[PDB]
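For reference, the structure is listed below as structure tokens.
One chain of protein is taken out of this complex; the other chains stay put.
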Amino acid sequence: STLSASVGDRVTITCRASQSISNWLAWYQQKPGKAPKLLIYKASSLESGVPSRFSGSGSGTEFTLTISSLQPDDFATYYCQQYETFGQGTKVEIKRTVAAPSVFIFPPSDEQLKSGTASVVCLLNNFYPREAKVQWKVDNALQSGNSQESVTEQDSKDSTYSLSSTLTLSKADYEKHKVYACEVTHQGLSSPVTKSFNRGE
Amino acid sequence: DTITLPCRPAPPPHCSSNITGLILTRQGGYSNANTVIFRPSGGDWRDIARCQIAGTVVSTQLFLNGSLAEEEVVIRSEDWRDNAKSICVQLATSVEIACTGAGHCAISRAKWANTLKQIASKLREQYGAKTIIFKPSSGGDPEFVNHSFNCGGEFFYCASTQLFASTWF
Partner (left out) sequence: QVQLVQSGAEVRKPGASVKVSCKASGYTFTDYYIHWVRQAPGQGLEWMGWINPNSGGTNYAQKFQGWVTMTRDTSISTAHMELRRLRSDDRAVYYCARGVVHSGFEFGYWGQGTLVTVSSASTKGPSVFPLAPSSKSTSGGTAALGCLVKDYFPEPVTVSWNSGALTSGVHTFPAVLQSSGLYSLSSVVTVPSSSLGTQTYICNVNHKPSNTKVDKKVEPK
């Protein structure tokens, strides 16, 4: 439910709901970390303080929100509402050219290896699109379930994403293996990029 | 058997009236289990004046000495699918309520249960063949969480929990 569009494109979001005599259907726009704003009530009627590029039409059970020309302010998430029921959000992101990730790996610090928990960090910096895959390897054994990922929001200038994947091991388990590697697969990479290190070096 | 509603203060026997209608509120959240719950109105006085079927007697939840319908029970609402708009109920035959004067007002349990099914039937025409459930009030100020009215300038409050506790398939 993600939409990649550029400035000037036309967007029509369709909401499947129940048919209403008065065509009861409202649309909302929400920014990250901000409260929603009402854009349209009763399917078609607009809201004061909302640009004319927003419009809606609803016949029967198909209701659509349309933005005639996307402006940089319109990139957000949109919800439709019918009485107390809200629908799934549709996030509209900025579309740009494919940028391959820059892969970096960080071994656990000497200061950390006194507490009994080791943390390896794999970093994917400035990439588009968001769909990236990170695969951990411990002594050439594929790992799963012992990592956590964190993605930043889309940057305001270069419109890219950044991703961090942290591998968490116990000190007993960390000092039992030698080579640690995170493999990265992305559309910008013609081949998987692997960054590995050896424990202690 | 009868239904005794606790009232405070004690209403004299001459303040006994006829129940001509109700005003309800549908519980929010579509369960999609063929189950619709109805409670006494959680609205203010604007909802009562909308029905136009209440008489000159100031009254909440239940309508006293109001106007009756003709040959059939009628249900009306500003929007049926808006749980914020109250649901006006107009009875065809009234239900007499007689207050003893010792802090209790009695109601025929047979007559009340018979009219309760006819309200559940007319609600199924508006929402489909679903199970109708009546539950007590969701809360509020004493004048609206209880069946309140005035009689000659004196304010009365009666608990109506026993009137809304039925399930109809």
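Note that the chains are named A and B in the order they appear, and that numbering of residues resets to 1 at the start of each chain.
Heads up, the rule we're going with is that a residue touches a chain if its C-beta (ideal position, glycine included) is under 8 Å from a C-beta of that chain, and two chains touch if they have at least 3 such contacts.
Novice: With respect to the chain omitted from the figure, which of A:135, A:159, A:166 or A:187 is a touching residue?
Specialist: A:166
Novice: Since one chain has been left out of the picture, which residues of chain B touch it in the full complex?
Specialist: Spelled out for chain B, the touching residues are 25, 27-29, 31, 37, 39, 41-46, 82-85, 137-141, 143-145.
Novice: Considering the entire assembly, which residues of chain A contact the chain that has been omitted?
Specialist: 24, 26, 28, 35-38, 41-42, 47, 79, 81, 83-89, 102-109, 111-112, 115, 119, 121, 123, 125-126, 148, 150-152, 162, 164, 166, 168, 195-197
Keep this in mind: only the chains that are shown with their structure count from here on.
Novice: Chain A touches which residues of chain B in the complex?
Specialist: Contact set of chain B toward chain A: 28-30, 79, 81-83.
Novice: Can you name the residues of chain A that touch chain B in the complex?
Specialist: Touch list, chain A to chain B: 20, 22, 24, 83-85.
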